[PDB]
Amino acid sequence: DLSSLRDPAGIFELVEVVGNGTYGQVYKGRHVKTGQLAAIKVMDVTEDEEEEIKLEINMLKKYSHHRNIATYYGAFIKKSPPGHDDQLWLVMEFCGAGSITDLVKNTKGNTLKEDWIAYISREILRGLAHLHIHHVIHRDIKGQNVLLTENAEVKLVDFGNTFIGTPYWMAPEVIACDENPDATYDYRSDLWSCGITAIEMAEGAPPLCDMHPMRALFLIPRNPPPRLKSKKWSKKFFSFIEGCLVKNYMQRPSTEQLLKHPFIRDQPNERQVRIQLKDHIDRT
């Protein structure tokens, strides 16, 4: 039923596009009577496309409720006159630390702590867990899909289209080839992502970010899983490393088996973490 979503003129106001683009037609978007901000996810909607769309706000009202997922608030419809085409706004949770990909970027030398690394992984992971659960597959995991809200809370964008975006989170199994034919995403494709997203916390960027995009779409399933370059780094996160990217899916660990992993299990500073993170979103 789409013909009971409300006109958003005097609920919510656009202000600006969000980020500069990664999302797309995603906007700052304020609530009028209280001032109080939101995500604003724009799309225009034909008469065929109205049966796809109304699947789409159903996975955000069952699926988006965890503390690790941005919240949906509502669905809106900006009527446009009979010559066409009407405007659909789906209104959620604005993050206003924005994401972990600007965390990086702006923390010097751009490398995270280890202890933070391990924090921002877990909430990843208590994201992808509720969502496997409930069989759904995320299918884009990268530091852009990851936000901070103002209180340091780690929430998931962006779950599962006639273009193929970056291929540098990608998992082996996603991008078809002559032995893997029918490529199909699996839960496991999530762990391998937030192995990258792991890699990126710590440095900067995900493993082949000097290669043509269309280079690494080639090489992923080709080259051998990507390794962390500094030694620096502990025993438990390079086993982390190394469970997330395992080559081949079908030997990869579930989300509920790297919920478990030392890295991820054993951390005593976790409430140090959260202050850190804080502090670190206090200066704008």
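Residue numbers count along the first chain shown, from 1. The term rigid core refers to the maximal set of C-alpha atoms that superpose within 1.5 Å between the two forms. What changes on going to the form deposited in another entry:
The one residue among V174, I137, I77, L208 whose Cα position changes by 2 Å or more between the two forms, with the core held fixed by superposition, is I77. Once both forms are overlaid on the rigid core, the distance between the two CA positions of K62 between the two forms is 2 angstroms or more. Annotation: Cα of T22 displaced by at least 2 Å between the two forms, core superposition. With the core superposed, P268 shows a C-alpha displacement below 2 Å between the two forms.
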Given for the second form:
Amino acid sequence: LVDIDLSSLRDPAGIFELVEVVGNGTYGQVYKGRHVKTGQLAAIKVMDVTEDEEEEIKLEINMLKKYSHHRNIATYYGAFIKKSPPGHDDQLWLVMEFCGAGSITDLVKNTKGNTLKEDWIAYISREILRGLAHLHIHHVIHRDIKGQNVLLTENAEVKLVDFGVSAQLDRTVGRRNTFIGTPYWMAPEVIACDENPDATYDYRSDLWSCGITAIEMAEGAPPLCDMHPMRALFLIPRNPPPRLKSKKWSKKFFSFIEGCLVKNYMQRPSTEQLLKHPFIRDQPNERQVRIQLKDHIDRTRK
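Mind sharing the form deposited in another entry? What's above is the form deposited in one PDB entry.
Here we give the lone chain, stripped of any partners or molecules.
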């Protein structure tokens, strides 16, 4: 798009507009929007921000790493501030490519038995991996791969949520930064312990999260769901790699999970290696899966 500037905080007038009526009290909810110049739909994350946070947002935007677009990433369109008079708070807008069919989590929640068919898991997992491969080659770690951050377009295209990942813009607004988020999709290396005191992310941390997302697609929830988050945090580096509960799954799927879920990131395969895994590489029903997913989308849209 012609009027996109990812390096500056601008007024959205004449660039983007909300289509849904946005009320009072926003803190990260996503609304249908539109690119004014092209008419193309957009997803707009809206947050009420203080005058102080706006100054901070400006610096964070300067630190945004850049990367070309990719069919498996919901294109990030920038950050905007919609001004209010002094005293009353302004609103930060984070703008992204619109994905109509909702998240992978909603898809599984809406599916009978909260389990997706294996060939659907293979298709979705490959698209996630292709999205990650693109970020990784540009030296960007997603950091929040989970079913809720993997979206479907109307045409069953798979896209990773990008509301400014290379500077975690959506997890800093209302002091959500000082906070440890949800731990269920966290790799062992991102959690500090005796052998790992400097809990440092690596590109490979996204691959562990991708494996947890594949279990989430298979069982409707990540392995340590409902457990107090502090206990999940203690158990992740200690427990054996999570494994699918049901015996119904193919050997290739169990094998794919073993690849993602190597606890020691130094021994965990790269995104390129996981893309060559038979579960991902061999998809002869790929044409049909898209058709099957596209029908599930159109049937839930009523």
